[PDB]
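Next up is one chain by itself, shown in structure tokens, the form deposited without the named molecule.
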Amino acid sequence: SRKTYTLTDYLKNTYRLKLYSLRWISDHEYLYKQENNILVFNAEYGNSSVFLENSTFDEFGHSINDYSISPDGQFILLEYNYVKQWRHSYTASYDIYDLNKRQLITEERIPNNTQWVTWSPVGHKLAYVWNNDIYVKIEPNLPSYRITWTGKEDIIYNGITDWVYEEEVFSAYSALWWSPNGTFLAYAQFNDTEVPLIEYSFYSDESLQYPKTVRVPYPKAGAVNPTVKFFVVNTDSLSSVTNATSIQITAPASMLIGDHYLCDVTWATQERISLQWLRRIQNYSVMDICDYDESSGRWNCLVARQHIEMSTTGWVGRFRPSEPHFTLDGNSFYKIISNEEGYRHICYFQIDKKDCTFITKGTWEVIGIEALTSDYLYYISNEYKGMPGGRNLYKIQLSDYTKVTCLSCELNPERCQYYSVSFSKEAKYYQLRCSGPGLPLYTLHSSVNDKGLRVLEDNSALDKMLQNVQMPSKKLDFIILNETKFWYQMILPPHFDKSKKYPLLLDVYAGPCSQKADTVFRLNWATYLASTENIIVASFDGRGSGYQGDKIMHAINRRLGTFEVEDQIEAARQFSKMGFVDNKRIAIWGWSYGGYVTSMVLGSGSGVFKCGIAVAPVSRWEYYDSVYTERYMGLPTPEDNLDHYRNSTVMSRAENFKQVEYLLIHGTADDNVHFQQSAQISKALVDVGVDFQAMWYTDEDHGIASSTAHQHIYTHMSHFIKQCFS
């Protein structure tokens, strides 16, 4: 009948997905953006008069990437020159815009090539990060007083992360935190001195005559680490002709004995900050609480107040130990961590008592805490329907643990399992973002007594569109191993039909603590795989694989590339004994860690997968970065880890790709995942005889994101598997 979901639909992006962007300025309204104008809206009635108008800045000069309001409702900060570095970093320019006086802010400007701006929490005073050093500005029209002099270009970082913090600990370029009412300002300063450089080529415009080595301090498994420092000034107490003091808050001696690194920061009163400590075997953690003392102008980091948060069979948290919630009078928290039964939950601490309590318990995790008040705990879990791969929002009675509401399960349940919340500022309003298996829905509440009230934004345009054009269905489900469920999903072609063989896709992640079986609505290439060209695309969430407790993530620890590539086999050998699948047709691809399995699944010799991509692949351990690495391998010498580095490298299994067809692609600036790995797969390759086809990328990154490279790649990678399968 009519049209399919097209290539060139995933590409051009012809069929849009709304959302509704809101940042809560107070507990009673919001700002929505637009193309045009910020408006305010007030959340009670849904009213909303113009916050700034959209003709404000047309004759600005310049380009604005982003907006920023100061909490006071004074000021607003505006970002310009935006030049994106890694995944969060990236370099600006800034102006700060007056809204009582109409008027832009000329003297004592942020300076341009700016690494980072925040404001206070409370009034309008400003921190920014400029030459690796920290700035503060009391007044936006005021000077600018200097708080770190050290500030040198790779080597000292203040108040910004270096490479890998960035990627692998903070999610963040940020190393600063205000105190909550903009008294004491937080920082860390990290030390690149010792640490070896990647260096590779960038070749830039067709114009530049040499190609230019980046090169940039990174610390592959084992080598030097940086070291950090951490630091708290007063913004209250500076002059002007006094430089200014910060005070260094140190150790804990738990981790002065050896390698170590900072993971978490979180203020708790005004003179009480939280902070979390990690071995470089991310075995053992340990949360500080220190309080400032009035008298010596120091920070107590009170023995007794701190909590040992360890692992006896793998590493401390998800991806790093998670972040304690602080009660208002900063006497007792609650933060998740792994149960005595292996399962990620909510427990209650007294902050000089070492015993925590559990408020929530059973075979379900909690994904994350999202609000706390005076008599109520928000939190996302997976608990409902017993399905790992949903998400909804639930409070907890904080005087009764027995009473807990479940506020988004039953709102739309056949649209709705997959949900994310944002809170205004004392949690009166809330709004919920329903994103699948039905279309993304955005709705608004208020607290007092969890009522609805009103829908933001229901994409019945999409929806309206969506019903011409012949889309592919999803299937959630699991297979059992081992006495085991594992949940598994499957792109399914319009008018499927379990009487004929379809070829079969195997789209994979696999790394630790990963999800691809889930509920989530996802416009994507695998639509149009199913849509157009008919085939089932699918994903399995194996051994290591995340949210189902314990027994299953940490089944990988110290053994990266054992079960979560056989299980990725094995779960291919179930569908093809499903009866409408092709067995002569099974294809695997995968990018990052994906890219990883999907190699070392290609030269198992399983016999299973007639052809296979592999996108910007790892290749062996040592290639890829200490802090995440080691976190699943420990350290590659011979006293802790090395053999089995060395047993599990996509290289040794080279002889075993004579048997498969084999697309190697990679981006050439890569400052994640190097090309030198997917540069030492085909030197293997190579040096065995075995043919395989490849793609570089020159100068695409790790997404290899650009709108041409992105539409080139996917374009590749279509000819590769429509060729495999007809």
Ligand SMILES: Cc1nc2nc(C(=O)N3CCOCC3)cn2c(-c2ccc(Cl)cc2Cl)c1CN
The other form holds:
Number of protein chains: 2
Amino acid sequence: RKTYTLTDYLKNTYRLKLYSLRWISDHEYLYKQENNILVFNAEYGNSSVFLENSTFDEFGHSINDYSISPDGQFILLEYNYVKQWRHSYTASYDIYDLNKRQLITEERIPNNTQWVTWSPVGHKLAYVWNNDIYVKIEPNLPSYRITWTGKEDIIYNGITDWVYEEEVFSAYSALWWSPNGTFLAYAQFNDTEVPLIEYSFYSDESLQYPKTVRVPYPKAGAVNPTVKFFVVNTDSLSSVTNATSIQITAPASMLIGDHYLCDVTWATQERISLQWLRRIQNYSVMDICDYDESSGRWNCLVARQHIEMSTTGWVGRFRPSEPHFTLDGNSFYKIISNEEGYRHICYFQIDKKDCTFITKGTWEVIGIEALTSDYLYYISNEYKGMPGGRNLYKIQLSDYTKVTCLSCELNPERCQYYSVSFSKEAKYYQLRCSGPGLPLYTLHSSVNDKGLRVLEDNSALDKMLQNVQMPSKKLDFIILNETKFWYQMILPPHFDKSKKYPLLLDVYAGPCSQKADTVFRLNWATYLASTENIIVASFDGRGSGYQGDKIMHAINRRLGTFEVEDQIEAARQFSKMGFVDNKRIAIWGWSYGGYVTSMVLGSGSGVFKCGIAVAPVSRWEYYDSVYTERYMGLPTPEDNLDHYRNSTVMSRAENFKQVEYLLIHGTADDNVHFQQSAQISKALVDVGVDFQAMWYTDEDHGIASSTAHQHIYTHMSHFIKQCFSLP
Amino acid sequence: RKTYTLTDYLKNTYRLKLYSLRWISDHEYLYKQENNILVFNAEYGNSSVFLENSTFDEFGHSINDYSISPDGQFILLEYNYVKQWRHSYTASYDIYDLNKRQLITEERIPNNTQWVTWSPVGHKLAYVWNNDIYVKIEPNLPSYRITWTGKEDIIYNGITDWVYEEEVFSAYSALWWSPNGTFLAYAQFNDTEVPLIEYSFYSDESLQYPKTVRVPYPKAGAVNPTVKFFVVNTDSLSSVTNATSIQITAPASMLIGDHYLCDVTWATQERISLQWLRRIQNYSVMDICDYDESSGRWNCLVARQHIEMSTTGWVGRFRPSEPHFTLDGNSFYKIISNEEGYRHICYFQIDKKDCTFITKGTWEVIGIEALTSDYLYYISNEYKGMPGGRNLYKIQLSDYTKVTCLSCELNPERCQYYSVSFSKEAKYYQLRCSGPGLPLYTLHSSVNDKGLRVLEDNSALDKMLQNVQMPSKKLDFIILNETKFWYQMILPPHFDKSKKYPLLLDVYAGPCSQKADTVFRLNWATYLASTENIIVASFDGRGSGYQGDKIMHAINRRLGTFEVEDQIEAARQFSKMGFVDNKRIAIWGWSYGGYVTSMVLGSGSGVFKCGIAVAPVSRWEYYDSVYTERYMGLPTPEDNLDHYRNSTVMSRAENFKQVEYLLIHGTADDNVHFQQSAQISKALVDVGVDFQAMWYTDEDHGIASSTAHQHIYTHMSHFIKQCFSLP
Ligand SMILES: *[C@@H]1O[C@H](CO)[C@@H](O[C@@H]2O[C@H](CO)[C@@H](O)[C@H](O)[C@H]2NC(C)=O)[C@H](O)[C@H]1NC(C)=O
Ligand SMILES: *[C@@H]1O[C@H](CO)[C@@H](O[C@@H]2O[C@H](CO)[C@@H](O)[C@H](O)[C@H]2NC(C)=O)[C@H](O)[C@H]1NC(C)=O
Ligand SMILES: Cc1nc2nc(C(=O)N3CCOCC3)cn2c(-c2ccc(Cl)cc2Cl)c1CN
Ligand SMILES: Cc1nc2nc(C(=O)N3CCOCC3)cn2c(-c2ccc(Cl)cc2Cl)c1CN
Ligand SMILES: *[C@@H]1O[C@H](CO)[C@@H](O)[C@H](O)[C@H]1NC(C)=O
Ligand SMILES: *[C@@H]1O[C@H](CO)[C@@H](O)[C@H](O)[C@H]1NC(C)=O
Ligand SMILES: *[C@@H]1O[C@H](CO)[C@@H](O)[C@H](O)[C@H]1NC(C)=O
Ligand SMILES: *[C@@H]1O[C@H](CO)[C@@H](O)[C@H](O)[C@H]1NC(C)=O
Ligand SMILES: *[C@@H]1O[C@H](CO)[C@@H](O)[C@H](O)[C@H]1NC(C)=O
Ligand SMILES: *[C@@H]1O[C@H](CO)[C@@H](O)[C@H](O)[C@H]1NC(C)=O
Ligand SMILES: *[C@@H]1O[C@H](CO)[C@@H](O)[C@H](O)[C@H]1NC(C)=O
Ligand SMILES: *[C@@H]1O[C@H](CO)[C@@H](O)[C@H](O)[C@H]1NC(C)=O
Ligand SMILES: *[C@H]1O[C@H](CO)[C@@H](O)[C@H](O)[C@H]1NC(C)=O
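Given the form deposited without the named molecule above, produce the structure of the same protein in the form solved in complex with the named molecule.
In what comes next, the whole complex appears, and the chain from above leads the way.
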């Protein structure tokens, strides 16, 4: 009988099915079946073909994605896709009028467009091209140029520079339509004095001289980009006169120094919320800005700013939390750490002091998902006190005490990890369960929270997997200093506590991470347990998220300490349990996991026989400012420079003589620079330690090209199989 | 009897002693002994300390080198040495007045000087600083400025650019003083439009942003630097009037296209010899340029031009050979490829056409070493018919049939490979024997070729080696289509022709190379044979040198052809021999040896279990123009594009599934760019071939930092051991 093989992982032999739909009103959504775009009625479940796979067979280009105007009249077609960073890319665009069932060829959207977006209502367009912003009121009409300052690598209007995209907004876009669709707000980033990271890109075999890539990127403590914020009135645009952008300056308490613009939320048609963060990320201000028709200006009264501080750590999980505004725009809710350091929903009324906690407990809210007049819907990990689970709840607005669990009980053995998607105005919602069993997609009505229908049960995949000897998963915890810390273990088929198993510790362990959860996954570890009979453990130690600040801020200004310690201690704990071959314990990790794997390998602990680090950080001065400084402060003598340097992998080289080490990195890694590994290897050479290495030419942090993806996991499997003495 | 261990190799436990001297006159030389500089009388062997080690115990800096003027009045002190390429570097210099016994302290040689030389006689100096040439008539006097055009990375006056240094002059200098010291000849190079190679340098851990290094480097087919030649009269220099340098123009037959200046020789006080070469290294012209005392000009009579062509390949082994002039400068001798294709000594008389061969035979003259009115001395491989041996011969210039071997019989057992060093006017000479026994340096008088005395017999080392199981070398040959091809074999001690030994083929096989010779070496192979009982073999197949053009030019316009195939056939032959285990045959090479190893691993032969390539070329369009075009012509559709394209390693990628491959490259290789290994690995990943890699951070082609050196050989040693299942 057969197992989950490496070739299965690499080749996607057992495919997970999903069901991504796109809401388009409070009761209809779109969906693709055989590349036909169907539109669905949510209430009754009937559907029909919105767009036929047939159309565009003679288009000329392969179509990459699409977006429909709110008013259903038009559709955007995205082709010539060219990926840049984690979120950004350039592409070409066409517009198809639906009622005319024709393709528009007037005033077309330029090739190399960097970003396009419909207005929330109607058929307006805004797009960035050559770092400048443009606006078409209508798709067959000439665009109005809004900005003139766009300049490659220096001035960005309406799109983000590298660090904002990666660490602040999590997106390339820096444009925000007012709900009216009347205003276009946007940010401008200035990278004039931001230093450049430089690396070689070799390209095709045919490229005689390797090309040098230069990217404005601030490493820890280096000069940051600066930011301006503007708002333009789209209703008032002249063919003759320029477009007048009104600026909104940051609070004076931000203007005194380096800061970031970290969130932008429209409250009403004439109220905006701005979140600002001090470069020292323990202080931030929310600014409420109202339009004044008499002047045309936007004013943010100092009086109604809201303010957040931390004395134990930084602000928010990764940034200040997002405000969810009540419909009238006079109050809002948002996740906040309470007096005991747990993140709960807090209620804020604009011109009033403080805020009011509507939730509390020894658990945390993960996200606020929806807000109607009678209810606030949110995900939390309360159920059964399992930080690694997720369920939908709703709280009765007029009686905070009445909290209903919407998902806890749908299928309590198959489903303990939910996410959700609401329709406009929240009349219907889609539930998505991700484990511990097979992913399961259902539809629901808000009225009586009635289960309308099952959308996808992955029955087909399930029939296949009954054939294979699949691994099982154990989610438990252990006690350390009177504190529970959770772990998981993917266990091989027919597990036997009277046998001894080799064990791989799969590490990430970065701040607010969680590696022990109830998600079902078909991945490299599935192969390792199913086929090679290795146990694959992970452990959430100090610094991990979703358990309260006491645990999360343990690591404050002290990266490469308690999280490293704890992974080691976790392994001592596992050896204690009697079914692990304490001669065959490995450790591996990627990104931040690579850094921790290295530090572990470098600790002299004597627990680990061998390990793999992929694209690991090696010293924090090498990584970016927003991320690094968030946790480490600045690397100056008067701040945290000491620990910046007590915490490098390099300084641990000698101890690598006791272990077998595999070090991997892509040459075109724009995120964690090849530098970081290049310095690790040199430190190891310089001290006479033998080790094994692999570079991947022209790959970035993902090393995700199909061929490279296959090569590295193959390479790594050999490594581990040697180390463990397996066939 | 212990064994020769890797450590012995890396720690240099068993050291070869040398005897490096510089002839100072017709009868004395200098010799550094315990940081004491000594003068030695050749005839009697008596000495006197010229400069005590005690001096400069108070200097302030570590002193890297020294240079005493021809008149012994001053000495240059080189310190603050920084290495650039293979020959180039910059440094600081102090001058010490040997008479006044003190350091001159004004009008100093600037810091970061790029080159200095004394004139041939006296105490003039010429130097290069910021790519401009300056001249001091006396060490305390201010220097006159010869050129003003010097510009970093663009215009070089009196020093060479990257290719010229590496591939033409085998030196940084481009300064040639007339024998008087009267004139200063120099070249100027213009790399205006020469593309730049760019790569990352990671420096010490403290550097936060890596540096991009940028070097004008013409790759096969790209724009080449241009050159001009000038001569300045050193006596008529003015304090206010800018010195005037007279330009010599290359011959019309050279100006029609791209060309090189390949050699400069002063013939008399008033006659310069210049050799030029076409970018297509088919054709070269030697110009003879006389000074016109009235004119002030220099004239190059077309009738005097001596032309070398080749229809079978290129001119010269690596470049047209150096001419050796008679005292009166009216005639010269030059190594030339004869009608049978063997390189022999040719006698040229200035105003007469063609020339006369002074020697002949099926062997070759390697070098002309000295010239008097009575004798011409040269090194050749005639003795015992071995191309891999070297001997000093003299030929009576009044009767060419009268050749006598000066070294053949001194010590037939111990010595078969000599180099030599003559005093001026060749009154005496130092013989240096390199094997096959321990190195042995002797002094001799020309009068009757008497042996004067022994300088170094390496008896120290001999003593030490009496306690180690040393391996032996067999130097034999095989037949291939009726032609003899040589190889050598390092044989483990106590070699039993009955057993079967694993075999490592050590390859270079570049054009005009030679890996089978009679020289003594303590190297990696010594360790492998002695300690790990491996037979290390090397073979000189087609393309190799010192055996006639039929063999050397076989590879014309088809690198990665016969030399790759011949390495393969050699291996087969070696199997036939009943003492090699044909299941355990590996291969490895560096540089060209790296490319060949790759072509071989990727050929499909099934002969080799595994191989190592170190800094390999993989594609000839990536290597430089002077070396590459010499053998491949230009990479254009009209010339040799097809074979450029056919002889990439990348095209053989699939075949690598059959072998184990380790690929190694320094990230800072200015010579064979990392690009080349980056493209090999990408081809291997693209087609799903697994392999081993290792990059060396900030190392260059030589990978020679003491720590990198030790680390690469250790890494390589594990791999080889593993391949052969060696305990
Ligand atoms: C982006 O920021 C740069 C850097 O500060 C600005 O450049 C400066 O502009 C002022 C006014 O022109 C000058 O006085 C400075 O000398 C400039 N410094 C540099 C480094 O150039 C630039 O104006 C900003 N660009 C925009 C459009 O906001
Ligand atoms: C080095 O070579 C470059 C290219 O041949 C020369 O550049 C030219 O400069 C002259 C003016 O002296 C003009 O003919 C052109 O404007 C330039 N062309 C280019 C491509 O830049 C340059 O003159 C040379 N420098 C020296 C010292 O000879
Ligand atoms: C936005 C972001 N997303 C991420 N996903 C992973 C991830 O799980 N891995 C692990 C699995 O494979 C992909 C990366 C890591 N990151 C990081 C990140 C965090 C720390 C460091 Cl040191 C580097 C990065 Cl990129 C960042 C922040 N830039
Ligand atoms: C001036 C020169 N000297 C060299 N010595 C070696 C050598 O023997 N090995 C011995 C083994 O160690 C490496 C160098 C190789 N080269 C080459 C050379 C030739 C071809 C290529 Cl592809 C690269 C180089 Cl550097 C060049 C000219 N570039
Ligand atoms: C669903 O059916 C209703 C009633 O026939 C119809 O009006 C509506 O257009 C249908 N919607 C879809 C998505 O087909
Ligand atoms: C996009 O570029 C291609 C040619 O590269 C062309 O077919 C098309 O017309 C361009 N689109 C626009 C908006 O100009
Ligand atoms: C939207 O709100 C703005 C702000 O007052 C107002 O000026 C505008 O008329 C509104 N737009 C539309 C199209 O209703
Ligand atoms: C437990 O406390 C000890 C100090 O007494 C400390 O060494 C260790 O890090 C702690 N462990 C955890 C995981 O809290
Ligand atoms: C100086 O010379 C003496 C021999 O005369 C030698 O013994 C001593 O080591 C030398 N000092 C050095 C090498 O600095
Ligand atoms: C060697 O000895 C002779 C005879 O005294 C002397 O003239 C000569 O200068 C000496 N040479 C050296 C280098 O000491
Ligand atoms: C060297 O030769 C040049 C040219 O013949 C002449 O001008 C000069 O006087 C000579 N130098 C000496 C010092 O003999
Ligand atoms: C000799 O002939 C063989 C036959 O296989 C051929 O492959 C090879 O190229 C030839 N070698 C020489 C030395 O010409
Ligand atoms: C060279 O600079 C060094 C210090 O870097 C200094 O001692 C000296 O004055 C300089 N020498 C000259 C003459 O340029």
